[PDB]
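Q: Each chain, written out:
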Amino acid sequence: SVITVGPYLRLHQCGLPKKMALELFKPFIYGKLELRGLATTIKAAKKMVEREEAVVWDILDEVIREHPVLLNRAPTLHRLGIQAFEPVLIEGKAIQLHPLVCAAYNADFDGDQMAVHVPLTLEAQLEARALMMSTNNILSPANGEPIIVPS
Amino acid sequence: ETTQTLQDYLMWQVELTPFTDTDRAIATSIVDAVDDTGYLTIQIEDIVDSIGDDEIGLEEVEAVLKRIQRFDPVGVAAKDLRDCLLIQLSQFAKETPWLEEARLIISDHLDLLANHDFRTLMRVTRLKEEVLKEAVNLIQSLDXXXXXXXXXXXXXXXXXXXXXXXXXXXXXXXXXXXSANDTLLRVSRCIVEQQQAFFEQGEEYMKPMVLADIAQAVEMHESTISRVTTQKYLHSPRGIXXXXXXXXXXXXXXXXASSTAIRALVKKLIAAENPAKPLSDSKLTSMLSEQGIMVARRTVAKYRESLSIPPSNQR
Amino acid sequence: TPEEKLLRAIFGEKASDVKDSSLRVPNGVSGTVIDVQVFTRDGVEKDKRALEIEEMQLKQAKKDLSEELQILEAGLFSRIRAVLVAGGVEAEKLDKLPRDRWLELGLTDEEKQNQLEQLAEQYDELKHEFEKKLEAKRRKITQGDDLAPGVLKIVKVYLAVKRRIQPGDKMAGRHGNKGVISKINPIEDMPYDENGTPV
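Chains as they are written, first to last, in the authors' numbering: chain D, 353 to 503; chain M, 115 to 257, 259 to 293, 335 to 396, 398 to 413, 415 to 473; chain C, 896 to 1094.
There may be inaccurate statements among the hints.
Keeping only pairs whose Cα atoms sit at most 16 angstroms apart, straight-line, the calculated EDC-like set for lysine to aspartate or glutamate is [claimed, not checked]:
(1) C:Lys900 with M:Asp135
(2) M:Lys193 with C:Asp1064
(3) C:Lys1078 with C:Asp1064
(4) D:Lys371 with D:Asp410
No wet-lab data here; the hints were simulated from the structure.
With the hints as extra help, turn the sequences into a complete structure.
A: What follows is the structure in structure tokens.
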């Protein structure tokens, strides 16, 4: 999707459009609908998915939570080119990115298109919250001079 | 669109519903008997004997099969076709204008005589006015029940072969389409043009054609003439049917049609006939003998009753 | 097998094994249908709704070709109305008796031969000429074009979608300025001048 800047979303977070979030976390939706006790069959759970009741989004709120997501450009010129962030549901057709870094991604906003990868596994969560999340790396691996300088 | 179908998707649906051990084993034993129609479980005694005893009674497999019948494409497997209809009626609505009850009366029994016509059965079910007709409309709105797979997006067009054009009261070949290749195609476009000149579709059927005549014309080998027309299909302005206008016979008579008009016009004469249910093969053989085709009545009855013809079972 | 014949008796065979292939629209597409054409090959015996656009186009051609000879016919009736004044002028009578008032008898012999021959001759050639153009264009309305040897008929449907601006944006200026909408901003919280007009 296309990236749009906004004056919020503390350094670990990203604006995730609600239309994009429902389909990516869809299997977790099936799981927690079959779990919390409102369900009959998986196909009827799907029926609830495309009927989009107001309770489904209440499920998704607890689905996303502490389980961040990966961001990828088409080019990656270094390690920091890809980072993970905590999704926050936002109304729109565009994705919101944190303003403080225009550097590691190297691209300003002309309407460039951005990729979003979702790892699941189990330990992929910790692997995402340890060696990836942007708040862990404030420095560049080739220098040591602080990146994410305000401008 | 290069997608998995049949027991791949059905078995993938079976793996979703949790089955500890036995339900999974007998489940996989059920899913393999599904056919293109989907409602044929064939003999249940074969599924029971295939388990090789060691308990697993019939009562345990009955609920498993009933669970197989509840899958995504409504009615699945079961038996007798009278089962899946009940499942189609149970999960359809559950709130209906008295369609559920009468649906169980019609689907239960008596449906065999009610399919051709109602008549006296209208007094059996006690329904009247538009309730019975609307119920029959519901039965007509139900459903083969499955056949939701396939997903046949593409058709494999014939793409023709060689072509012809009718001039001043005469049809001539042209071989229109698209040096050794040009002449190689000119031979087929030549012998094919002369074959289209000697054979005219004309009016009503086609003139009988003998491979010995087309082979005697250009002195070409009949094996190579009919060998190419077997695989390839010559596309004319009407029809599709190239080898059909090649293979024939001498009709074994001086006053005559070939097997093409013999079987064709035989089924055409049998099309309009039997004011009620004559189903008379000897009468059709006499009608064929009245035209001078020299029919022994043995070949006309056996050859005429074949190829989708209702005969002789129409009696 | 018999149960197949029973199934064919129930629903009238319901086309039976004949397949389901259709034109059904892929997702991500909405809106209404602008127009439907459905061109057909010669001798297909189409009937269906394809004759409605034939009659519609015929009405358009008739309405387009009518006004020309209505104006020119008004000119013919204007010159006849001019020559009938020279003699034997019945005024409102001739005004209440249309269609040449049956030639208005013979009047003078010169006006008989000249006026009658010119009026009937020109009028007949205009009517026959309009009929000729209408029959030729009629041959143009109903016909068929060249087509692949393996196609019978082709259906064509048009669609339309209304799309409204959203944060995706990407509007551009004439000076080379790109950009995208950051947010959709309500009216009340935006700055305004001394007169109260918001930006």
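Q: If a hint holds in the structure, say so; if it does not, say that too.
A: These are the hints, each one checked on the structure:
no.: 1; hint: C:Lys900 with M:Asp135; in the structure: violated, 41 angstroms
no.: 2; hint: M:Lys193 with C:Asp1064; in the structure: violated, 59 angstroms
no.: 3; hint: C:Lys1078 with C:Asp1064; in the structure: holds, 10 angstroms
no.: 4; hint: D:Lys371 with D:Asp410; in the structure: holds, 14 angstroms
When each numbered hint is compared with the structure, violations occur for hints 1, 2.
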